[PDB]
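First, one chain by itself in structure tokens, the form deposited without this ligand.
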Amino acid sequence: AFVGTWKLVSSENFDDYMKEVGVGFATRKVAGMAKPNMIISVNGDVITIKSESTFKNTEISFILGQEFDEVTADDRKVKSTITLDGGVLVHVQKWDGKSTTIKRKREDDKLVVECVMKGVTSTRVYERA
């Protein structure tokens, strides 16, 4: 369902999501300009998600249900836990008393990414490269 190389097709409300997370102006602008890909692979029980763009190249590798340390593209040091829950890949990040959730869902031929922090949602839609 999730494995593949995915290209961004649309993005909505991303700047306001970033402001909620606490991202600063200069970083918001560079992140907003980018058109990342998302490359999802598996090796045994270890899942890797990579993203390449003009803003940041990032990579995380993790086991479902196992908390891990992540350094986000905007340089937050977070505690992350990623699970499958109702068929959705659910990524919770916790840092400095705050939490945000990134939901990666498969909907027909798309990978829909909903980034939620409290009342603020950004939706990014990807399709296979």
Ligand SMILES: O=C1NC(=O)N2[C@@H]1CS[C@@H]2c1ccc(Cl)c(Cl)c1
The other form holds:
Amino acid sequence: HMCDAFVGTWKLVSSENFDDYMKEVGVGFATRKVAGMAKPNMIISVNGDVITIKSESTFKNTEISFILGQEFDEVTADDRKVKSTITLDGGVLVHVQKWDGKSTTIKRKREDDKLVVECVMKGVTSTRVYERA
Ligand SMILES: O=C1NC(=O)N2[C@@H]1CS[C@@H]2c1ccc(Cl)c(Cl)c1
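Coords for the form solved in complex with this ligand, given the form deposited without this ligand:
To see the whole picture, the full complex is given below, headed by that same chain.
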């Protein structure tokens, strides 16, 4: 029952500062433009100890499956090859990606009827809000 309130199909409804987050990450111009247009659906499911988070969009589709606290390989939508670890901290999913000596953290939280995704690269934060699809 760990992540019950995250499970479901979610649609992006707002974004703030994502272009500046992507710049800080190192994403190039053309990818930022096309990635910034996308309105993804995020599909979260749980089977036993395995959590799956899928993103379906016109830009890229991504999918990760993982066990909390257990590092895995991830290919991001912008084609970084990163080493990821996801934990639950006080009801918040905390996703840390490491690559080329860099790090970025993505937090996913339930707030009212929304799922809020906060992405931080150094001093730059983007907030992306999802509602049930
Ligand atoms: O809303 C989201 N759901 C995800 O998996 N996303 C966004 C924020 S962080 C990650 C992403 C997507 C595209 C690019 Cl280009 C980058 Cl750098 C990061």
